[PDB]
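Just one chain follows, in the form solved without the named molecule, and it is written as structure tokens.
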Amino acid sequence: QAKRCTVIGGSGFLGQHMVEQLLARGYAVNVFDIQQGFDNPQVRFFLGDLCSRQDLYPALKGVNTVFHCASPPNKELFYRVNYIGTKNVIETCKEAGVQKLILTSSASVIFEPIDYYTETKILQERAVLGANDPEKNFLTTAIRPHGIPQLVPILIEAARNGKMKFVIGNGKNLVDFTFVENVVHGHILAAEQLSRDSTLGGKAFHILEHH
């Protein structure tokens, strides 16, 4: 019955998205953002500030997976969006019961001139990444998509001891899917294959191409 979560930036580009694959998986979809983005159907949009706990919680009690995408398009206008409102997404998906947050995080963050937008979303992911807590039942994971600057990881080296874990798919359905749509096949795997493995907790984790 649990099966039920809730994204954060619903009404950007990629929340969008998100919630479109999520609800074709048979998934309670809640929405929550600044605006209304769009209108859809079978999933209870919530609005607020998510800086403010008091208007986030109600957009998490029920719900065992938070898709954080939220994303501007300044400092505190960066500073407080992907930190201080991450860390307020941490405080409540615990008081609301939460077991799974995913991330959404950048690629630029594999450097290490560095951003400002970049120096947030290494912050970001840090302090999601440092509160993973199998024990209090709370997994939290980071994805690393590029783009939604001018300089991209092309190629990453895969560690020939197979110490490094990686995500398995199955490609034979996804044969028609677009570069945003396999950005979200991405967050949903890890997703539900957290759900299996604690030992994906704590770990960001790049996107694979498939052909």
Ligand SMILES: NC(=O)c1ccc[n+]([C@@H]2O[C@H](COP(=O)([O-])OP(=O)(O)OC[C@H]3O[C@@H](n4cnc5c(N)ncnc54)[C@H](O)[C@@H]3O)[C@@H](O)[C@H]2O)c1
Given for the second form:
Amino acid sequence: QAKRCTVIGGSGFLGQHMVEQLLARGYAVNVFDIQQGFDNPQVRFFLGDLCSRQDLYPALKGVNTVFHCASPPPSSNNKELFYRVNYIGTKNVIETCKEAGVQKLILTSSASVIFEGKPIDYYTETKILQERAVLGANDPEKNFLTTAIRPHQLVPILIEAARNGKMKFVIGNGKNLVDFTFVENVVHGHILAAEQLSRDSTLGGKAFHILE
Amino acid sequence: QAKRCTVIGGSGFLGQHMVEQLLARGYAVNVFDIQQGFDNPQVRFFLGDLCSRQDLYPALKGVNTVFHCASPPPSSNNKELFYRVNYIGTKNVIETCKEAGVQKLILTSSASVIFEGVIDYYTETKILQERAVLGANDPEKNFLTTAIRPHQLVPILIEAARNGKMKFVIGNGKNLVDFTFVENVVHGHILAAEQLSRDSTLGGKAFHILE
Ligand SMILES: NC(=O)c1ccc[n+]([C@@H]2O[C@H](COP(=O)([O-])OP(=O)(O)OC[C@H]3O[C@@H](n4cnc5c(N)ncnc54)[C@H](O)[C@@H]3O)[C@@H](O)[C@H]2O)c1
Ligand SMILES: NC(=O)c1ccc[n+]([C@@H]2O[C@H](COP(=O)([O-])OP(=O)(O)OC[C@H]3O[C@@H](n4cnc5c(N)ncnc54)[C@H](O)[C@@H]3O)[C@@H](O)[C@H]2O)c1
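Having seen the form solved without the named molecule, the form deposited with the named molecule bound:
Let's see the whole complex now, leading with the same chain.
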């Protein structure tokens, strides 16, 4: 249960990758998704709508980390869907997380999220409200910790770095990172962030960007 | 003046790439270095140590931007050389920059600077380099400064503050998707310089390079 996590959207492109590395790191992985993927024997697969408490709840029992990288496709231009799943459905993931005793939830956000006050479209708008819900939920004294990892027309090339000692960062070990592709990189950062969150609760409620 | 600029350590691995790209944007480019490296028909080369007040002045005389990406070899293990060049030397670069009416200094720092108090002697001098240069920012004296921190214990993720305290720089990635790691690091240096002369409040800040 210290090595047990659920991946929400575990059938998808990012999800599958997450499953690979979590399994490789000796994690017991549940997968929650509304589509059954390429059968992996070593995974308790649950099928369901992340908007549903009834669907979600059993996939979360016994799990310490939830990975939320489920989403409708940005390309679909289905606004009511984005609204339903990214924005409304997100309150279900957090409350079901608390119900089941999940201790960490790691949201996959967007990098376009950094544009909060032409790249701001309705999808980005839902993902901001998503990140704001998830990082508002951070309650360390109840031992419920959250973060958001933000991977990516318009892109931030440079990000300011606070010199006041307020800047948090997640350390990796280069020897394990060289032969890793773009996604294996994004995925790795998720797993390191989650591991370092049990070791250092002051990362809760922050959002991170990746490098290189 | 407007489109003249000097790369200090312009013969360096990074230097060579900085120079290729400034030229491509139609900068008139000076290189200043202790070694001559590869001849570039379109580049004025001034030989010298960056610590020497007299060597450098003519290399900055009449230019408007300065990219400092000069460093002694990190592998050398010469505690004194590192301190000599990165701190005392850089302090000169800032002097003669002002004595030359230069408007913008863009240092190349180290991402390893973030590891302070959590880690080579080298890195401690980069730390002193950085805060010297950001120390030198003075917008009321027309002398904007910025530092860019290019990347075995490596940092992966970095907090982005939500209250609008932090500043970022936009790039149209549509067109830098066919760059190498270095070409991107450089493109960072240029964008920063370019936008530092549209919004002065990038002065005094250090920046990280993203995906
Ligand atoms: N992978 C990247 O590099 C990258 C880049 C930017 C953004 N993202 C973010 O990552 C996520 C998508 O990544 P992807 O490329 O793997 O997407 P994808 O479409 O390949 O997979 C997402 C998964 O979400 C699942 N899902 C959708 N609606 C669901 C619902 N109602 N209930 C349960 N599961 C549901 C889908 O079945 C799918 O398996 C989003 O949060 C997106 O903004 C990814
Ligand atoms: N780009 C990367 O891969 C990378 C990675 C980590 C950090 N960096 C940073 O990049 C910077 C430069 O790295 P590089 O690989 O281009 O170095 P390099 O060794 O290829 O070139 C640096 C140049 O500095 C010049 N120089 C040294 N002492 C001088 C002096 N006293 N006066 C004038 N010129 C002098 C040298 O002649 C050399 O040509 C460093 O400050 C380092 O922190 C590089």
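Rigid core here is just the name for the largest C-alpha set that superposes within 1.5 Å across the two forms. Numbering follows the first chain given and starts at 1.
### Message
Against the rigid core, a Cα displacement of 2 Å or more between these two forms applies to just one of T178, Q54, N170, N161. Which?
### Response
Meeting the 2 Å or more criterion is only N161.
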